[PDB]
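Below are the chains, spelled out letter by letter.
Number of protein chains: 2
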Amino acid sequence: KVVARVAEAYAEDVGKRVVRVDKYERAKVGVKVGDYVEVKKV
Amino acid sequence: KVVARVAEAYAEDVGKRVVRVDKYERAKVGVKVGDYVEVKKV
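For the record, the sequence lines run as chains V and Z.
If you count the first sequence from 1, position 21 lands on 21 in my numbering, and the numbers rise without skipping.
If you count the second sequence from 1, position 17 lands on 17 in my numbering, and the numbers rise without skipping.
Possibly wrong hints are sitting among the right ones.
Same chains, same names: a pair is fine if it fits in one copy or spans any two.
Claimed, not checked - Derived DMTMM-like pairs: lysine to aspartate or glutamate, alpha-carbon spacing no greater than 20 Å straight-line:
(1) 28 / 13
(2) 41 / 22
(3) 23 / 13
(4) 23 / 38
In case anyone wonders, no lab produced these hints; they're calculated from the structure.
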C-alpha cells in the first residue's frame, strides 16, 4: 500500500479532480503525471 | 471509488510523503487535511 498524508490543494487546482503526487509516490504506485489514481481512506 | 488525475508535486512538497487533495475529493474519500490516504493505480 502506498500511503501519503493529505495536504490542502493549491487554489489553482481546486475543482479539477487533480491530486499532486511526487516522483517517489508516483514511482511506487506505478504512474506518471497525467495518469489517474484511486484515493482511499486508510 | 474516488479517482483523480496525477499532477506533478510542487517543489516544496517533494520528499515529504504528502499528496495534495482538494475539498471535493477529500469529502468523497472521507478525510481531512492531516489524514492519510492510500494512492493506487486505477
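Going down the list of hints, with the structure as the test:
1. Proximity of residue 28 and residue 13 under a CA criterion of 20 Å is satisfied inter-copy only: 17 Å between copies versus 23 Å inside one chain copy.
2. In this homomeric assembly, residue 41 and residue 22 come within 20 Å of each other (Cα to Cα) both inside a single copy, at 19 Å, and across copies, at 14 Å.
3. Taking the shortest alpha-carbon separations for residue 23 and residue 13, both the intra-copy value of 18 Å and the inter-copy value of 11 Å come in at or below 20 Å.
4. In this homomeric assembly, residue 23 and residue 38 come within 20 Å of each other (Cα to Cα) both inside a single copy, at 17 Å, and across copies, at 16 Å.
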